[PDB]
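J.: The primary structure of each chain is shown beneath.
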Amino acid sequence: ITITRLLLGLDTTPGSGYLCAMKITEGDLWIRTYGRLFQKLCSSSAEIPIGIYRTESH
Amino acid sequence: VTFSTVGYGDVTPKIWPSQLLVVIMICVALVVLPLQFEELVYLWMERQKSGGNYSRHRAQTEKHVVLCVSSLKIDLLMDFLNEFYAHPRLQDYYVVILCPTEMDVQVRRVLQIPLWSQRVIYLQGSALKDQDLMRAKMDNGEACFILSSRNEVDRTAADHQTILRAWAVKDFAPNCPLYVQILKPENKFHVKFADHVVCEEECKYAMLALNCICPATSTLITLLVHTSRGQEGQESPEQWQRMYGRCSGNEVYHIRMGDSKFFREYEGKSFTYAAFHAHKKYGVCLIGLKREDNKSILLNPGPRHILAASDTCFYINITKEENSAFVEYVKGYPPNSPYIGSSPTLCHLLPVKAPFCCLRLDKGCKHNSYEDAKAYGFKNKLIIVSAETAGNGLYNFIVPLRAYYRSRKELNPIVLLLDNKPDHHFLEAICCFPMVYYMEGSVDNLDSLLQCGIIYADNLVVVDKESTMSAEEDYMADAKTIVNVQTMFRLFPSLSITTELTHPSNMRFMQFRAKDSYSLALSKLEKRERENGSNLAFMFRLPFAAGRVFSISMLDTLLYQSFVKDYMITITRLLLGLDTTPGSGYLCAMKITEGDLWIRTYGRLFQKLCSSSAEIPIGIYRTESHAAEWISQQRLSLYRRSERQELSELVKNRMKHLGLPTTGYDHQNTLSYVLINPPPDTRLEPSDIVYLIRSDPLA
Amino acid sequence: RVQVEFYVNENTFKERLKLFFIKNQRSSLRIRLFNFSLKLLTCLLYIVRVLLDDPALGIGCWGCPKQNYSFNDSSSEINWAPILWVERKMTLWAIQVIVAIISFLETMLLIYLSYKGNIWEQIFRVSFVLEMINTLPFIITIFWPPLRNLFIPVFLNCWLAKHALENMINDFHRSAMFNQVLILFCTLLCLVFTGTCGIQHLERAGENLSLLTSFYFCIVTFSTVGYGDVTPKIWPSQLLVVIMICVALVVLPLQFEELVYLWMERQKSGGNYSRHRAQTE
Amino acid sequence: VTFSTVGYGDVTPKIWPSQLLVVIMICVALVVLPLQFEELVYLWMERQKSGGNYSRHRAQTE
Amino acid sequence: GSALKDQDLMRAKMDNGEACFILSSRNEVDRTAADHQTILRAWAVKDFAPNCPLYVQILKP
Ligand SMILES: [K+]
Ligand SMILES: [K+]
Ligand SMILES: [K+]
Ligand SMILES: [K+]
Ligand code: NA
Ligand SMILES: [Zn+2]
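Residue numbers (the entry's author numbering), protein chains in the order written: chain U, 989 to 1046; chain G, 310 to 635, 747 to 1046, 1129 to 1168, 1173 to 1205; chain F, 85 to 258, 265 to 371; chain Z, 310 to 371; chain V, 434 to 494.
Treat the hints as calculated values from the structure; they're not laboratory data.
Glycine included, every Cβ here is placed at the ideal spot set by N, Cα and C.
Warning: the hint list may mix true and false statements.
Said to hold, decoys possible - To spell it out: a stretch of chain G is covered by chain F in this simulated footprint if at least three of its residues, at any positions, have a beta carbon under 8 angstroms from a beta carbon of chain F; those stretches are:
#1 314-321
#2 412-422
#3 472-484
#4 586-599
#5 1029-1043
All chains, full assembly: derive it from the sequences and hints.
T.: Below is the structure:
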């Protein structure tokens, strides 16, 4: 309950992060793998990616 | 053995005509019997209801008593049998019950047990049909109890059900004492022919209006009208639960003075002399007497009164004596009485009737432009009543607060938080009383109470809403009022909130300190009384004993007790000031301060009063001790603030928004209970409030 | 002075034991446990009594005059001696008569104790008369020697044993539908019990039916089977099965009606978590 | 002819164990059958509604 | 049986449970009265089984 209410910003403990989103553009397409994306973020902005919102052509 | 389908075969037909006969005799059986069975099962379902009849032979000897209710419930019945049969004089009587509806499932077994099977008789049938008044033998009963239904959707139509039922039983059994419990005070004059009438609204509102002056008065009048032996909670480890459960066995009893062993010797002496020396010697409190010449009963007639051989004495004792081994405010009557039969009382009145615009608070008028109790600047602490619809019953809340014997400077500004705008009929009644205001709102929202002046209010009487009484489930009646009060108990810990509950069983939800586990202990105290069958199973609840919660199911016992004691309704209605016989005293209160601490014992307090002011103390209300770098610390501080700080920051911010000054806003670790007529050796601890019956000022 | 309350009522001898017998809830079940177990005790001693006797060696009134009795089908007359005379014992007489006097004094004490209404209600009730007819003949038998070995339908005490049991379960449990089917089992036990004992004793004149044979016969009769291998041959036993059938259709449907009134209640409120389960589960 | 409560009597138990067995068999019948009957009548009322089904074999041809 | 009656909290052995789940009724006509059913049920189970972890699902904030 605390983890969920922290992701939605319902409660704000000082020093705790917030759930954000980033759009992978063609300028970031050289980062082929999700792991390499983890490496870039955890060395520049220290943002921890939870998951991926993937869109297809159905 | 043939029609039982057994057919042993020792005896059988051997010749063809008899063989045909048993065949044709069998066949007629399956064609004649099922038809009888069908109508029988069509009447099997009818036998479930309409069950019972009181035989005419029984009525000549059994000396029964009828109880015409519209719908019998388990709570209402067990409050009657535990009271009707608590007197030794009534052990012979049979209880007949004329309920038009069938027996409730939980009422089945409690009438099936051997104790309540040879006493209680249930007859489904309406008192409005003379065919059902013959079954109950209404012409032979020793008393008839009509009780109004409290939990119906219509309250003025559940009262006309009672007026017609009092009329139907009066012309069918003219020589039968009638006992009526009416709901509203406007319908009180139609049942005036009855011997003993108890009105819920007139009596309830006048006791919620005495908790503001004499705390826990609604509890004192509750344990007085509940007949109990006086042994509840004697096995308790706690000291107060032993003594408070003992003194709560005190009832108001009557006796002729010459036949009384208590008061015989004080013939020809002053009444205050007899009252004190009876308490000193035996421990009985003589509250008032009735002379033989008059039929009026006077509470504490005064020191000038002299006892006589003919007078009748009303005292408080554990049991009956025969069961004992050894600007200026003008003083005048309010002109416009909202209903017929309204008791005229000498009250404090404004010299000129205030206009209806001057009574309202939230919006000012041409005369005064004040909008809240802060702008008015009341000298005394307020009294807020959170009723729903102001009516005849609420008018009975103001008269005891404005009566003449109350000190003029001690008058508390009454403010009514009405959910609905009062009618012009009600405003005409209260326009004469001083410092009586009203304002639309509710107890739920916080702005309305702040505008009312709840910051500096001594009491917040939360009257039960008439809309919620018809709730199906028991808790659903007070599910909103308990939570709304629980919000104000946190926001305003110092406030004294008196709540009216629809069902007395909802007292458990009231106090609800979360960390405390004393609620479990309070149930163990009730289990032993449940097995012992005591009237006051609710006696040891913390809100009830402190006088904070009062349901009108507590005063239904006033009517049944009036059967054996015809004076109980007059005595009760005299203590609340509902009726004012000239020369009768009034219920007062005194606070024992440290300046009076040299009076160690309650008996010595009796001696001081009965020699200086001739005030007779009933009991004791005893209390116990039971920029990004700058707001980075704002985040750390506003996140770690306690709930008490969060709530305090809420009311102050609202007062800032509505415009009231933030100052003056700035907690109940206290246990209270009511000792009725304690022995004269009991100590007088500080913070004690002693109930009094002061003599009539105009004696 | 010192004053003690309510001494007017409790000091009286009648009112003190009024609380003990009727008013006190805890004492009532203790008293009923005494009566119900006593009624089972007198019924069991009845079953013992019929068990150890063999009427082949001689039946008489009491003492010396005992002679073997025989039955023949051709003579349509009944020898009425074995129907009334039975050489019950000396000790079963003693233990049973103690029960008989104890029940009489206990109930007549209750008769006066609960009397309020011209003692019309108490005498008429079926519970009162049933105890009279199976104890009063058994109290007067103390006086005479020749009336000691006299047949008394003491098996009928199972009915008052059932009445004591249902007065028990009304207040305390020692479910709701189980509380009624248990009573339905009891009345079936009492109904069979009187049928077995009644047929056994009435068949002392003829067929000399044993106790088990009568029990089998009584079961195939109340189940409406009626094979016919064992049948009553003499008119008192024929009357008994007729009157035993008739009481069945007038005592059983009443139990059935309240059971079906509780059959519908068994659909809801079902389930309970046993206290033994909570300690481990 | 015993569980139908007929009991002609041409064939009967003559010895006490068999006599006990028919007695105990009648007793278990009266305690095991009403329980089955109760749930059946609780489902007798449900048979009035929700009645009917179109067989899969019928759909291929009908 | 209702959790508001201690006679039914003894059957469920509320004093012995390892957790108590009160869930509000979402599909009732009154949403502020289906919430007070839960506040009182959280109160009733708290004073009958004070040493029992309580789990409440409330409807309105
Ligand atoms: K049959
Ligand atoms: K047959
Ligand atoms: K048959
Ligand atoms: K049959
Ligand atoms: Na009392
Ligand atoms: Zn004005």
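J.: Which of the stated hints cannot be reconciled with the structure, identified by number in ascending sequence?
T.: 3 and 5
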